[PDB]
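Next come the chains, spelled out residue by residue.
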Amino acid sequence: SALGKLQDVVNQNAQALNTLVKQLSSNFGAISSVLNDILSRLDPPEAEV
Amino acid sequence: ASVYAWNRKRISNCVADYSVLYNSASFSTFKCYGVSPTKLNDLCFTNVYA
Amino acid sequence: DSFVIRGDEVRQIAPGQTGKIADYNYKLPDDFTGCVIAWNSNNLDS
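Residue numbers (the authors' numbering), protein chains in the order written: chain A, 943 to 991; chain C, 348 to 397; chain B, 398 to 443.
A hint or two may mislead.
[Stated by the list, open to error] Now the in silico label distances, taken between C-beta atoms and shown as ranges:
{"no.": "1", "chain 1": "B", "residue 1": "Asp428", "chain 2": "C", "residue 2": "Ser375", "range": "21 to 31 Å"}
{"no.": "2", "chain 1": "B", "residue 1": "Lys417", "chain 2": "A", "residue 2": "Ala956", "range": "49 to 59 Å"}
{"no.": "3", "chain 1": "B", "residue 1": "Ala411", "chain 2": "A", "residue 2": "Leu962", "range": "37 to 47 Å"}
{"no.": "4", "chain 1": "A", "residue 1": "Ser943", "chain 2": "C", "residue 2": "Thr393", "range": "47 to 57 Å"}
[Unchecked claim] Here are the simulated BS3-like pairs of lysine-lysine, each with C-alpha atoms no more than 27 Å apart in a straight line:
{"no.": "5", "chain 1": "B", "residue 1": "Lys424", "chain 2": "C", "residue 2": "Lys378"}
{"no.": "6", "chain 1": "B", "residue 1": "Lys417", "chain 2": "C", "residue 2": "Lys378"}
{"no.": "7", "chain 1": "C", "residue 1": "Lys386", "chain 2": "B", "residue 2": "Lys417"}
{"no.": "8", "chain 1": "C", "residue 1": "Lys386", "chain 2": "C", "residue 2": "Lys356"}
[Stated by the list, open to error] From chain B, some residues computed to sit far from chain C (all C-beta separations above 10 Å):
{"no.": "9", "residue": "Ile410"}
{"no.": "10", "residue": "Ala411"}
{"no.": "11", "residue": "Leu425"}
{"no.": "12", "residue": "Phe429"}
{"no.": "13", "residue": "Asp442"}
FYI, nobody ran anything at the bench for these hints, they're computed from the structure. Just so you know, even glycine gets a beta-carbon here, dropped at the ideal spot from N, CA and C.
Working from the sequences, and respecting the hints, build out all of it.
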């Protein structure tokens, strides 16, 4: 495992992209994390918030 | 039933038309929370409790 | 806007509010509305 630095930068970029993709599962205080649900079972006045 | 012994009936395995009962003006107050009344028809749910 | 409605239905005449008479006939748009003034005058009615 001589090439430590290179693998470090690869792992860091993959980790950043993976946590960015994972941040889509968060509710952030909403009623559901996915958008199509909070659009399919709410009125525009509250789907807005 | 009495309020303290509220009667609960499970509802499943049926096609349920909320639109017709909502259209009837017999019900004085119709408040749906977390779900929109108009789009109630489109949704599908595991089961209902009445 | 001038009209006369039953007092029970006066709550339905609001921005984004839902009611049979409200939704079907007259419903405020789901945005700014200036003001709504209601004084029930059922004595003059009927």
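Now for the hints, and whether the structure bears them out:
no.: 1; hint: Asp428/B / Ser375/C: 21 to 31 Å; result: holds (28 Å)
no.: 2; hint: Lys417/B / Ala956/A: 49 to 59 Å; result: holds (56 Å)
no.: 3; hint: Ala411/B / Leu962/A: 37 to 47 Å; result: holds (41 Å)
no.: 4; hint: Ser943/A / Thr393/C: 47 to 57 Å; result: holds (50 Å)
no.: 5; hint: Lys424/B / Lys378/C; result: holds (17 Å)
no.: 6; hint: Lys417/B / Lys378/C; result: holds (13 Å)
no.: 7; hint: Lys386/C / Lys417/B; result: holds (15 Å)
no.: 8; hint: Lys386/C / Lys356/C; result: holds (23 Å)
no.: 9; hint: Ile410; result: holds (16 Å)
no.: 10; hint: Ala411; result: holds (14 Å)
no.: 11; hint: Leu425; result: holds (16 Å)
no.: 12; hint: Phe429; result: holds (22 Å)
no.: 13; hint: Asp442; result: holds (19 Å)
Of the numbered hints listed earlier, not one is contradicted by the structure.
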